[PDB]
Amino acid sequence: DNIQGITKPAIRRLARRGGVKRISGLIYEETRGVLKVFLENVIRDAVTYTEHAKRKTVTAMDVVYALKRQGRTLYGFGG
Amino acid sequence: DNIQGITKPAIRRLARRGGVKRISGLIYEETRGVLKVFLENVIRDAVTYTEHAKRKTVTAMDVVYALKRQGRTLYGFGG
Amino acid sequence: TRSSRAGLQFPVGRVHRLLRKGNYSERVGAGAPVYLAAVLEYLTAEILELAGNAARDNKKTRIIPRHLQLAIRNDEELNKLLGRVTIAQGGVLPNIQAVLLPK
Amino acid sequence: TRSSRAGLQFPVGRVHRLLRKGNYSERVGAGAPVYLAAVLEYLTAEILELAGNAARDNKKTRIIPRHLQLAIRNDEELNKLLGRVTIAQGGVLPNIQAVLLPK
Amino acid sequence: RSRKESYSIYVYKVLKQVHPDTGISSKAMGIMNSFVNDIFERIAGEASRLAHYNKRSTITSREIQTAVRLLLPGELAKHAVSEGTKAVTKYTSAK
Amino acid sequence: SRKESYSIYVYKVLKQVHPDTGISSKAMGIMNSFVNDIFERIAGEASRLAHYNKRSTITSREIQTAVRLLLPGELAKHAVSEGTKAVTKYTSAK
Amino acid sequence: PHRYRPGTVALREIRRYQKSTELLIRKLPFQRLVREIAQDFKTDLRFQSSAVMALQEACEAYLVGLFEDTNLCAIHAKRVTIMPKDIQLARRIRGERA
Amino acid sequence: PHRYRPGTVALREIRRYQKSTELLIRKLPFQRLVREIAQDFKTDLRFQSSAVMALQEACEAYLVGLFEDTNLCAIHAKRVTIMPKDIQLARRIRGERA
DNA sequence: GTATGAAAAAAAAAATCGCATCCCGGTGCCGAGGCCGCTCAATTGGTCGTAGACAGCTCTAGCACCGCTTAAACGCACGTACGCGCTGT
Ligand SMILES: [Ca+2]
Ligand SMILES: [Ca+2]
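Protein chains in written order, with the authors' numbering: chain B, 24 to 102; chain F, 24 to 102; chain C, 16 to 118; chain G, 16 to 118; chain D, 31 to 125; chain H, 32 to 125; chain E, 38 to 135; chain A, 38 to 135.
In case anyone wonders, no lab produced these hints; they're calculated from the structure.
Treat the hints with care, as some may be off.
Interface residues of chain B toward chain G, partial, derived using beta-carbon atoms under 10 Å [said to hold, decoys possible]:
| id | residue |
| --- | --- |
| 1 | 44 |
| 2 | 77 |
| 3 | 97 |
From the three backbone atoms N, C-alpha and C, an ideal C-beta is built for every residue, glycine too.
Generate coordinates for the entire structure from the input sequences, incorporating the hints supplied.
This is the structure in C-alpha cells:
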C-alpha cells in the first residue's frame, strides 16, 4: 500500500512548486489517485517495451519511449 | 473584412451545439479572434503543403495533412 | 488468396505490399500483414456492428456518418482510441449539463 | 570531411547515415543531411547562447539543466517548439498569480 | 483516371457479415476508409519504432502484436491480440 | 559497446558562441535528447512530404519545407537561412 | 400576448442543434474568409470545393469543442453565461496560448 | 511567541520550491510504489536506477503542471484554495478523463 | 425619497522584535576538461540504375455570368433572470 508513502507534505511541496497558496484536505487523496493512474498508464507501456526486448530489467530508455508515447516527452535520459 | 461574415447568430448556433445556454456579447468578437487564429495556423501549413507540391490550387489532402499535423485529425476527406 | 488462408475479408496481400513500400523497415515478417489485416478487420467490424445498431435505432437501412460518431462516442474504448479524431458530418452526443435545466 | 565543406561543426556524414538507416525513405538527396545538420547546429547554438546568458546571470561557468529551462521557457518561440517536452531537473519559472499575493 | 485504391469493398463484405440488411452512405464509407488508414499508420509507425529500438531490420507479426498492446485500449487489445494470433496460426497451418 | 552521442559537437558550438562557459553532464544529456527529438520530428515530416507527393528521394528541399512547418516564424527564417547557406557553400566546394 | 421566458428558447435551440449535424456557418461567407486568409500566405490561389468544406468541418467541430470546454469553465464559476475569460482559461489549460 | 499569519509561509514555500529543481517526493517510497505497480503487469522485474529517477522526474513535473492548471481553475472560481473539483476540471479539459 | 454633521468601526502609519533570506569569505571533493589507443564510420571514386526533370495532351473542375426566391441576418426595445458585490456564520 505504498501510495500513502506519497506523504501529505510532499504533495504540499509539489503544489507549492505549482504556485498553489491554499490546499483542501480532500486534495491529498485525489492527487494520490491521479498519480497512481499516471504511473499505471506509463509503466504498463514501459514494461510492454521491456517485455518486447525479452528483458526482465526495465531500462531508462523503456521509460522514455513510453513517456514519449503518452505525449509527455522527457529529456536528460537519452532518446 | 470577411471575419464579420461569421454572424452573431451563427456563433450562437455553434455554442448551442456546445450546450451553452447563455452568451455574453463580448464573446462573439473573442470567438472570431480564436477562429481566425485557428484557420490561420491550419491554412498556413495547408498552403505550405501546396507550395511544396508546386501547385497553385489547394487540395482537400493538403488541408487533411495539416489538420493531422496540428493534432486535429479529420476523417471523411481521405486521410 | 492469402486472405482466404487466414480466414479474413481484408487484403493480407495489399497490407504486405503497403508495409514494404511504406518505409517502416527493410524487411517484413510474412505473419505481420496477416496479424494487422485481422486487427483492422476486427476494429472495422467492432465499429460497423455498433453503427448498424445506431442505424436501426434511427429506423434507417443505410449507415451515415452520424451513426459512426454516435457509435464511437458512446463506446468508452473506441472513443479513447479516436480521441484526437474529427468525424465529418459527426454532430455531437446530445449532452446538456444538469445545472442548465430548469427546476 | 563534408562538414568542413559546408562550414559546419555538426557531422553531415553521420546525419546522412542516420537518414538512410532511419527508414524515412528509399533514397536521400546528398544536400538534405547538410541542410539538416546546419538547422540542428543553429538551434543547438540558439539554445546554448540563451543558456550561456542564464548561466552568467547566476554567476556560473557551467550550464546545468535549470539554465536550459530558464532560457527555453523565457524565449516565446523555443517554448512553443518544446511544448510537450519535460526537462530533467528543470524546475519552473517563478510565477505567483497576483490574487495570491497579500495586501 | 487516377486509380485511387480504397478499403470500401472490404468494409461492405464485413458490413453484410455483421448487419446483412444494412447499407452505408459514401460520406460514412470515406470515414471508415480514413479510420483504417489512420490505425494502419499508428501501428506500422509504432512497430517501425519497436524494430529501430531493438536494432531489428525485420517487422514480424510479434512487433505488430506489441504495437497493438501499446496503441489499443485494454478489452479492444485482448480481442485484437486474439483475432490476430488466431489468423497467423490458421494461415501457417493452411500451408 | 560504443554509445554514439552529439556531445563533442555541442562543446565546439558552445565555444563558438560562449568560449569561456562550460556545461554539466546532466544538461549535455538534455541537449543530446533535444537534437535527436528535432531530428526525428523533421526526418519524419520530410519522410511524409516525400510519401505524400510519391517521391522516393528526400532532398534538401523537403528538409526545408518540413522546417517551415515544424519551427516557429523567426526561428524558421534563421534555420531556413543557416540551411540554404550550408547547401550553397557545399555545392560550390565540390 | 404569448412569450417564452429568457432561456426556454435557448434550451430548445440546443436540443435542436445537438441532434443535427448540418454545418452552422453560411458556406459562402466562410469560403470568402478562407480565401481572404489564404491571400496572406500567397496571392491568386485556387481551392478544391472539398478542401473548403474540409476546413469548415474542422472549424465548426473545433469551436463546438471549445464552447463545450468553455461552458464547463463558466459553470465552474457558478455561472450559466459563458464569457471571454472562460474561453481564455479553456485555451490556457488546453495549451493553445500561454 | 512570534507567529507568521496563515499563508505568509506558503508564499515563502512557493518562492523557495519554484527557485530549486530537487525532486520533492522521497526517493525510496516512490521506488517501492513503482515496483509494487510493476508487479501487476509482470513479476520478478528489475529497474535501472536511472529508469526509476526518469519516472519520478516525469511524475513530479506532470503533477506540478496539473497543480499549475488546477490553481487557475480554483482562482477562476474566485477561490484561493484548490479542491478536488478543480483537478477534475483541469483533467476534463486536458482530455485525461471524460 | 435626498445634502447636513459627530460618535461606531474599520483601515492606515509608525516604533519594538525577531525572523528568515542574501552576500561575504574559506573548506573540501568531485566531475568537468584534455591525453591515448583504438575503432568504426566517413572520404574517395567508379558501377549501375532510377528518380525526377522536362515538355506536352486531356480534361477537370474551379472562376464568373444571371436573376428569383428564400430564409437568414440586422436591428429595437421591454423586461426578467443572471450576474456581481456586500455582508456574516
Ligand atoms: Ca514571452
Ligand atoms: Ca482567380
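Do the hints match the structure? See the list:
1. For residue 44 of chain B, the suggested interface contact is upheld, since its CB lies about 4 Å from the closest CB of chain G, less than 10 Å.
2. Because the closest C-beta pair between residue 77 of chain B and chain G is about 22 Å apart, greater than 10 Å, the hint is violated.
3. With a cut of 10 Å, the hint placing residue 97 of chain B at the interface with chain G holds, because the nearest CB-to-CB distance is about 5 Å.
Checked against the numbered hints above, the structure breaks only hint 2 and satisfies the rest.
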